Amino acid sequence: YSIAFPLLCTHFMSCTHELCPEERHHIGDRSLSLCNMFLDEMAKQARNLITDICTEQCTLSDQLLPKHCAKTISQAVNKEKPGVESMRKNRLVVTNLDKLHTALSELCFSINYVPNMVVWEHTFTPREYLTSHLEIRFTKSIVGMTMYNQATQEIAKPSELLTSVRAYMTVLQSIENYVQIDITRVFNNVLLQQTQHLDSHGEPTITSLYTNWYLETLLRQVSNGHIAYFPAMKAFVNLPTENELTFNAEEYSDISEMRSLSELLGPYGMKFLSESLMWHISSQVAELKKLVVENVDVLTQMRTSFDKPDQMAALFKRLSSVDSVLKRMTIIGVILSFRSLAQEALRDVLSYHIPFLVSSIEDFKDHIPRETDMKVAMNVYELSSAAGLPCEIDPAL
Amino acid sequence: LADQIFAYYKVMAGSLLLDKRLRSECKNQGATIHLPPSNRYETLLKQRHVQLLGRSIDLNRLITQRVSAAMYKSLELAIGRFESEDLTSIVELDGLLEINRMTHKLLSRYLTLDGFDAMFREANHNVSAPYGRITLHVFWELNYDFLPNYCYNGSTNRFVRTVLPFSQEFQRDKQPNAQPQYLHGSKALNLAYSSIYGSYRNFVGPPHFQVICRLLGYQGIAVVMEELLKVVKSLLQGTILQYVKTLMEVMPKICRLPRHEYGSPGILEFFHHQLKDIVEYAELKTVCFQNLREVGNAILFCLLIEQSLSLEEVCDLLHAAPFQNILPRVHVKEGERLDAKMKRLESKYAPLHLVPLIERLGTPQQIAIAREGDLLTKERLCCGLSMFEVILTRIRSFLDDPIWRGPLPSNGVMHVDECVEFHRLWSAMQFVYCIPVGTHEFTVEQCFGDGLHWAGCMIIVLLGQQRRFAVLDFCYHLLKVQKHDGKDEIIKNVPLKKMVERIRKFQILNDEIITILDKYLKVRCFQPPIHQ
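Chain order of the listed sequences is A and B. Under our numbering, the first residue of the first sequence carries the number 1, and numbering increases by one thereafter. Under our numbering, the first residue of the second sequence carries the number 398, and numbering increases by one thereafter.
Derived from the structure by calculation, the hints contain no laboratory data. Be aware that a few hints might be false.
To spell it out: a stretch of chain B is covered by chain A in this simulated footprint if at least three of its residues, at any positions, have a beta carbon under 8 Å from a beta carbon of chain A; those stretches are [to be verified]: (1) 447–461; (2) 580–592; (3) 613–619; (4) 711–721; (5) 752–765; (6) 838–848; (7) 892–905.
Straight-line C-alpha distance at most 20 Å; calculated DMTMM-like pairs for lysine to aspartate or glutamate [said to hold, decoys possible]: (8) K502(B) / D307(A); (9) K916(B) / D182(A); (10) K502(B) / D348(A); (11) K99(A) / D908(B); (12) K317(A) / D307(A); (13) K375(A) / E392(A).
Note that beta-carbon positions come from the ideal geometry of N, C-alpha and C, so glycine has one too.
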């Protein structure tokens, strides 16, 4: 019955008299302020209950992760559980979830009681207050559960973030069962905004944080030699060392993690990551060109003497920077391998999401005539790359 | 050679998809899972010039035939294994299917094989039939086990098993048994996956619903919904109708809510005497409650599955935005206008857009296919479309017997004292199961959960008696008087206090359910007196 107060504000104009016209504007302005404040507070309380409910739901879903079954596996080899919390022995016992659920339902009913109200010829729509607050809180929570601390270079694993997002979406749909608001649009705006490198308000997005962490924490350490690429496991694994890094490469570069990352980001996010990786490659290539040109005369002489081994013996001795070129090319290969894993993950994710578009792209790319010009082929490859297909030529590079 | 190749690839896929944190934790404990040593079947697979006795033999063809047969066997075994267990094995089926798909992808690198979708349809008997085996089993499980053996909890949105089952006639098919390779690769991998998926066995929740939506598509949902409607029709028009008819004959013809002067202790004694036939009735808590739970659980399943379908649908549409010129609201600061920034951003992503690229160059057949695919993808069922309203309308149509509403009121307005309406009986039901039970017997929540309350509220709402039920209710009247006076005393071995809090708790639940139903569901003029 909290909607009564804003309704009472509509009566504030009944105490005005035609004899005292000066008072009318001040009383009329006061009515508009109180109504807005009440709706804002009601929305604030609603979203607060949403966060608490979603937090509990995320905690419940966390217990279903595979990492909690290590003890059972060990016991079986050598020689509390979910579902008990939902058992109701009696109704007199009240938990936190039901208490929040009851309060949220009561508040939602009050909000939805009035579709619209008029105060001093101003139409007010309370459900819009809740919708806007939910959008802001959802975006803030998503950016917050990435748990990114620049000082310790730590970020949440994509799989855990995806599970939390799904729990949040499920809760918000349950809210839709109460209020008439549309939630699918809310998901579209929040998720699309986070997909790009910057949101409307101009704040870091999920894609930007993941791109920065991957470049400055995983690939950098691979160059330093602490990590290597494992084609058999299709992931990066920390090497045996006296001192181990805080994070584990295999827990971020695995197929499941990449699929979760693609699901959270989407084609735009992978495209932005792909562009960043190519930019790093271009820097390395430009650096290599300096070493190539500084020995141009020797290389030209060596090109035409492929059949003379005696000359090659002394020509090689005159070369400079022979290890740097290999090291830089190793870094380039590592970067390209990372992109291939991301492209493969995106293709697998998109295969069961938009099969019609993927099938059309595959037919379009496969049957493209070879006699066509390079411009059209580049356009097809760029679209094919956006879909995650393994194009022979990378337009981004 | 074919047998070892298939086993080696299957175990590689299973190990590759296995979680790494669990592997590390197991290794620390002392139960590490040994990795599969690598081999060099690459050269053997590509060989096509096996010269023997002046003959050319294609080893690739023979390996392909053996692998194709093995893949078909594994898919059939996976479906059969699912068919021999409860509905909680859906997660296991999805995981095993993912492993099989990955193995097919790995083998397709060096061999040629039919698409995984075609093989899956072949094993599911869906290529030549509208519906496969998975949907049939889901419908069979819902009718037999899930509905009459699970109690809902709206606080957690989870289903858990009940106690003292009333049905044991499922008699499921025998489990298929084969070599470890056909199911999750090696034996060591099989134990890990079983332990991982063992957490989903004790409950049913959103994860199960979303997997069902993905597997069943749209045909499975529609057929399941129609069958559930038929089941509800049979229950309401049959056993439930008979029970209400019998119960209405043992209810008081006229019941008047006592005045406040009598007091809360005296008002309980009036209700126990007035409704003593219902209380002594035994089959009410064994059959009628069971049937109401069946319909109530079905409605909840229809609601939850619709929510999951929308959630998956919106997620799918999010990934198609780049190819449909669907752009977000980009940040705009002082110095530039929205129109210029949007135009630049659209031009940047122009190559991604598909239709004009095909239109400018491409066969007309490609243009038509792309247009149809784009139309199907963009138009979906979360863009202003719902079906819960239709389900409620159909249920209302099933109720046509006059017993539900009763004869026309003598006063010419509404029934007040008469008990010829269903909401009257539901109030009597509320009274009987709100009595505190003994220590050696279970409660309604422990047995039927919220399904029973959902069914009763839905029936009341569809008959337009929700307001009358709130106004006329024995339990609500007793609660109001108890609050006004505040007295406690044991009446017929029924504590008065604990009763009213129970009434309050059920009042809250009923109000929440009624509000939800009314939201999803979105005169008579009297004449004045005339001078004689």
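Hint check results:
1. Counting residues of the stretch 447–461 of chain B whose C-beta lies closer than 8 Å to any C-beta of chain A gives 0; at least three are required, and the coverage claim is violated.
2. Evaluation of the coverage hint for the stretch 580–592 of chain B: fulfilled, as 3 residues show C-beta separations to chain A shorter than 8 Å, against a requirement of three.
3. Given as covered by chain A, the stretch 613–619 of chain B fails the check, having 0 residues with a CB less than 8 Å from a CB of that chain where 3 are the minimum.
4. Counting residues of the stretch 711–721 of chain B whose C-beta sits closer than 8 Å to any C-beta of chain A gives 10, which meets the bar of three, so the coverage hint holds.
5. Counting residues of the stretch 752–765 of chain B whose C-beta lies closer than 8 Å to any C-beta of chain A gives 5; at least three are required, and the coverage claim holds.
6. Only when three residues or more bring their CB closer than 8 Å to a CB of chain A does the claim for the stretch 838–848 of chain B stand; here the count is 4, and the claim holds.
7. Restraint check on the stretch 892–905 of chain B versus chain A: 6 residues with Cβ-Cβ distances below 8 Å, three needed, restraint holds.
8. Taken as a hint, the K502(B) and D307(A) pair is broken in the structure, with Cα atoms around 44 Å apart against an allowance of 20 Å.
9. Of the pairs offered as hints, the one joining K916(B) and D182(A) holds, with about 14 Å between alpha carbons and a cut-off of 20 Å not exceeded.
10. Of the supplied pair hints, the one linking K502(B) and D348(A) holds, its CA atoms being roughly 10 Å apart against a limit of 20 Å.
11. As the CA atoms of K99(A) and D908(B) are separated by approximately 15 Å, the hinted pair is consistent with the 20 Å bound.
12. The suggested pairing of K317(A) with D307(A) holds, with an alpha-carbon distance near 18 Å, which does not exceed 20 Å.
13. Of the pairs offered as hints, the one joining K375(A) and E392(A) holds, with about 15 Å between alpha carbons and a cut-off of 20 Å not exceeded.
Of the hints listed earlier, those the structure fails to meet are numbers 1, 3, 8, in rising order.
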